[PDB]
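Engineer: Residue strings, one per chain:
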Amino acid sequence: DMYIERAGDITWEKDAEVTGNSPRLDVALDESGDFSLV
Amino acid sequence: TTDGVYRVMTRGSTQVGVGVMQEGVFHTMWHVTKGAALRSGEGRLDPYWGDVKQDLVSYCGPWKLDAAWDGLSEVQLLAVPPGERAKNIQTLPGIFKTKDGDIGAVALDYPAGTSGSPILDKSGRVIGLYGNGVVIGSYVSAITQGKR
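Residue numbers (the UniProt record's numbering), protein chains in the order written: chain A, 1416 to 1453; chain B, 1514 to 1524, 1528 to 1652, 1655 to 1666.
Errors might be hidden in some of the hints.
Unchecked claim - Derived DSSO-like pairs: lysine-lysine, alpha-carbon spacing no greater than 27 Å straight-line:
id	chain 1	residue 1	chain 2	residue 2
1	A	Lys-1429	B	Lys-1580
2	B	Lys-1638	A	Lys-1429
3	A	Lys-1429	B	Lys-1569
To be verified - With the Cβ distance kept under 7 Å, some of the chain B side facing chain A (calculated, not the full set):
id	residue
4	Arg-1520
5	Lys-1550
6	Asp-1571
7	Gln-1592
8	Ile-1605
9	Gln-1606
10	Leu-1608
What the hints contain is simulated information worked out from the structure, not anything from laboratory work.
Don't be surprised by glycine CBs; every beta carbon is placed ideally from N, CA and C.
All chains, full assembly: derive it from the sequences and hints.
Structural biologist: Here is the structure:
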């Protein structure tokens, strides 16, 4: 029994928390959908 | 059927992921559902398209989301963590550089049950889903978008 419940509208929020850095990474994507570093 | 962001639940109950309803199609990550049919109230949502390498699946119809990160602007993760109200987290993506081109990436680390949460541009368009990524020891998620 997998099921869904609505959680919200899809909207941008002006008052959003801001955080996180912006790394530049070399990666490879294999046949199984897995990313790895290169 | 209504447009919006949804929890994906399983049976006590556990939240295994998140997805996006748009234009009558439900969008989530393959690793969340493994393509299983989904219950919505008294109705059933059957898988329509899926791809393990993209880690994406759509239900009721073909993949509808086609906006893309512009490569310069901040975006918002509309995170729906287990047990928490949907909330917006604004960030500037970094980049996954691959042999086949660059993909935006967000260096945000939420519980696994947040996988499938949408990432939005300033217009409110879904530019991809959260939850397939790499570890650098912080997690970084690709901004994973399908093809319409």
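Engineer: Against chain A, with CB atoms and a cut of 7 Å, does the hint on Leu-1608(B) hold up?
Structural biologist: 5 Å, holds
Engineer: For the pair we were handed, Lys-1638(B) and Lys-1429(A), check the Cα-Cα distance against 27 Å.
Structural biologist: The given pair, whose Cα atoms are some 10 Å apart, holds under the 27 Å limit.
Engineer: Against chain A, is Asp-1571(B) within 7 Å by beta-carbon distance?
Structural biologist: Result: holds, 4 Å to nearest chain A Cβ.
Engineer: Are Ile-1605(B) and chain A close enough, Cβ to Cβ, to be under 7 Å, as the hint says?
Structural biologist: It holds, given that the least Cβ distance between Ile-1605(B) and chain A is near 5 Å, below 7 Å.
Engineer: A closest beta-carbon separation below 7 Å is what the hint needs, so does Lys-1550(B) meet it against chain A?
Structural biologist: 9 Å, violated
Engineer: Mind checking the CB of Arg-1520(B) against every CB in chain A and telling me if the closest is under 7 Å?
Structural biologist: 5 Å, holds
Engineer: So, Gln-1606(B) near chain A? Judge it on the closest CB pair being under 7 Å.
Structural biologist: With a minimum Cβ separation of about 4 Å from chain A (threshold 7 Å), the hint on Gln-1606(B) holds.
Engineer: Holds or violated: are the alpha carbons of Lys-1429(A) and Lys-1569(B) at most 27 Å from each other?
Structural biologist: Violated - the C-alpha atoms of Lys-1569(B) and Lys-1429(A) are around 34 Å apart, more than 27 Å.
Engineer: Would you check whether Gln-1592(B) satisfies its interface hint, that is, whether its CB is within less than 7 Å of any CB in chain A?
Structural biologist: 6 Å, holds
Engineer: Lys-1429(A) and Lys-1580(B): Cα distance at most 27 Å?
Structural biologist: 26 Å, holds
When the structure is compared with the earlier hints, violations turn up for hints 3 and 5 and for no others.
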